[PDB]
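Asker: Chain by chain, the residues run as shown.
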Amino acid sequence: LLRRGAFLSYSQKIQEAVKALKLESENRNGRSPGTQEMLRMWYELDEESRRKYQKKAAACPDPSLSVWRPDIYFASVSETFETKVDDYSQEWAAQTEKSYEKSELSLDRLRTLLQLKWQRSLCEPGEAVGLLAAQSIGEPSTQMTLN
Amino acid sequence: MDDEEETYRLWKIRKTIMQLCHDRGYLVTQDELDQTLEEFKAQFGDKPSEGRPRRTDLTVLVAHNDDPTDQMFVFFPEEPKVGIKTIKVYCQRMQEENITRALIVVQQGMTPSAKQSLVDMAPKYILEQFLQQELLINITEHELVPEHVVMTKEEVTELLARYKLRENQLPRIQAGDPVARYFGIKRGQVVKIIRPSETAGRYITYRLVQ
Amino acid sequence: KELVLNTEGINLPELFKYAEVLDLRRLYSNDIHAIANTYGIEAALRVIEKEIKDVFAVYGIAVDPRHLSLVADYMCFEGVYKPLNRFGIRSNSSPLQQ
Amino acid sequence: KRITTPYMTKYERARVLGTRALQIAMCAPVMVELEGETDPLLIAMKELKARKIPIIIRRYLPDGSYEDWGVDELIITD
Amino acid sequence: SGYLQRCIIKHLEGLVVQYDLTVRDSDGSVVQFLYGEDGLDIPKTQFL
Amino acid sequence: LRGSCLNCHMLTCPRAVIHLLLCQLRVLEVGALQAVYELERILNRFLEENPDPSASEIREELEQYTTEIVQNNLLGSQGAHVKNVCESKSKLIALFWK
Ligand SMILES: [Zn+2]
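Residue numbers (the authors' numbering), protein chains in the order written: chain A, 1083 to 1229; chain B, 1 to 210; chain C, 1574 to 1671; chain D, 50 to 127; chain E, 985 to 1032; chain F, 100 to 197.
Misleading hints may appear alongside valid ones.
Stated by the list, open to error - With a Cα cut of at most 27 Å, we get these calculated BS3-like pairs of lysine-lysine:
1. B:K186 - A:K1137
2. C:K1623 - B:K81
3. B:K124 - B:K153
4. B:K41 - B:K85
5. A:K1166 - A:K1180
6. D:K98 - B:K164
7. B:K81 - F:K190
8. C:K1590 - F:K190
9. D:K50 - B:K164
10. B:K88 - B:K41
11. B:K153 - B:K15
12. B:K41 - B:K15
13. C:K1590 - B:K192
14. A:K1138 - A:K1101
15. C:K1590 - B:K15
For the record, the hints were derived by calculation from the structure and aren't laboratory data.
So here's chain A without its partners, still in its complex pose:
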């Protein structure tokens, strides 16, 4: 939710037991009397301590369907499908631990069958999805009488 940057990471954590000392200069161009002091400490006071471009990540990492297309690269599933599979692999490894059946399979292969079911369930090229979404709002729109 909150905001991230290279210098916004620097200012709140290293420069608030430092900027909070007594300097009572004027507001130069609407800035604080201490914001110019922190930009003085940022622009010309350190070089190669710009490593907070990696502390604050330069972006989010992209999804595994934007990078690494889902029909070719295995286990490139959606981010709500990984949470479902990880919740189920946390539950299964607590209920298969004490269940006295065969249990020939483990987590490493349960995940593989769920991820290859995600991969094999991709809509194949040639699906004509436009008339499958022109009819799923066109056949139940004949059942809608006015009561």
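Let chain A serve as the given structure and place chains B, C, D, E and F with the ligand on it in line with the hints.
Answerer: This is chains B, C, D, E and F with the ligand only, laid out in the frame that chain A set:
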């Protein structure tokens, strides 16, 4: 009653701008986008209509993170109707300090005469126009609005190369869109849109700012 | 226990000036033209989907969201909110389809 | 440089088993040992199981690019 | 409701799914980059 | 005929915009579409920096761009069938006739 109302209102439309300059790369420190409306009274004039936070006092300029050769001015104009008379007052303040970009937070509207001569300056002065009305909300907080992020030219060609794609047959956002104007995006720049979906969790789609 | 205002008219900047009382992060409307012009086209696309689902679900019908996000991403393809009529077939390319 | 689906979709299987069944009919040379059936589709479906259909598929991308997949290369599902 | 379905049909007739998994029109125009924001089908998602 | 006259065989439309439409509808025959706003931007700039109704046939600053992005970027004369191109050209011709 213009003592607490206009103080809260200028605090709000300054917090929106200092959350807007951070969202385009410009240097905004953390303690000055976490103002608590008592820091606005301790650091600014407390009575607006008397003129202690006058419309010459509130102007801020900040620099980009890459190079401080390209900056922007946040101009808060005095009169509620900015005509051509005060579109060329502030360009004299531009030329003396060598900038290219500035934002004018008009209070009740800019004239139809000056909104033509603001776009038709040159590609030299890229000047933007914001009403005070639409800077109380910060529409990039709304939980239906994606994370628009700007995109360099090195990453447009690779996404036109992955899909064997041209710029015509890519979807469009217009430049009068309320969030493309938040980021100040020209014609031609692709924006990357990270949709908080429910079928997936994130869905990257790309749009041209036409 | 979430108090929900639910007005019968639409004025977006009338409610923007009530921010310490109304949690304006979670606002909603029916009007796609009052969200495309205030909150953008990329949130006037997560309003088309909910305004189709909350028309079918009054009548008990449930439509899969993968059919609706294909209609919102077609109508908001040109940046504006186009209709699917005789005035949205002018944008098409084939004369033998028009 | 071929990056498409390794699998054979249902429309692929329809056109392959249709043309190959017409490439069994019209007195065309059959390419498997058989038992004496008389329907071209069963022949053309028992040849898909035995990796005998020699067809190349030109999977057009929307640009106009085409990849040349062989029916032998594509993993058919069971 | 012959009219509504007829219009949505003839405005979504072309939108077939391509070998790069992006839904495109009958003129190459990109509508979506993954079909339905995760790329799946409506039948084959029942047991996921 | 309602936009033309018998005395001089020309049309009564202003020639500040006929040159713009001529300059854009030869760009969109190629289908560049980045510069249907750039041509009207440079038309407005060339019309504000010096008013000149004496420019009767052509303008050199419009024609420099519409001979630059047509001679260059010439191989895409067949990728003009995109919805975004025919939408814009039917829009500009309809704004002209109306
Ligand atoms: Zn005449």
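Asker: Hint by hint, say whether it matches the structure.
Answerer: How the hints compare with the structure:
{"no.": "1", "hint": "B:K186 - A:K1137", "result": "violated (30 Å)"}
{"no.": "2", "hint": "C:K1623 - B:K81", "result": "violated (39 Å)"}
{"no.": "3", "hint": "B:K124 - B:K153", "result": "holds (21 Å)"}
{"no.": "4", "hint": "B:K41 - B:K85", "result": "violated (32 Å)"}
{"no.": "5", "hint": "A:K1166 - A:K1180", "result": "holds (22 Å)"}
{"no.": "6", "hint": "D:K98 - B:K164", "result": "violated (35 Å)"}
{"no.": "7", "hint": "B:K81 - F:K190", "result": "violated (33 Å)"}
{"no.": "8", "hint": "C:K1590 - F:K190", "result": "violated (39 Å)"}
{"no.": "9", "hint": "D:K50 - B:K164", "result": "holds (14 Å)"}
{"no.": "10", "hint": "B:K88 - B:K41", "result": "violated (32 Å)"}
{"no.": "11", "hint": "B:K153 - B:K15", "result": "violated (31 Å)"}
{"no.": "12", "hint": "B:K41 - B:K15", "result": "holds (14 Å)"}
{"no.": "13", "hint": "C:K1590 - B:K192", "result": "violated (31 Å)"}
{"no.": "14", "hint": "A:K1138 - A:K1101", "result": "holds (21 Å)"}
{"no.": "15", "hint": "C:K1590 - B:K15", "result": "holds (14 Å)"}
Hints 1, 2, 4, 6, 7, 8, 10, 11 and 13 from the list above are not met by this structure, while the remaining hints are.
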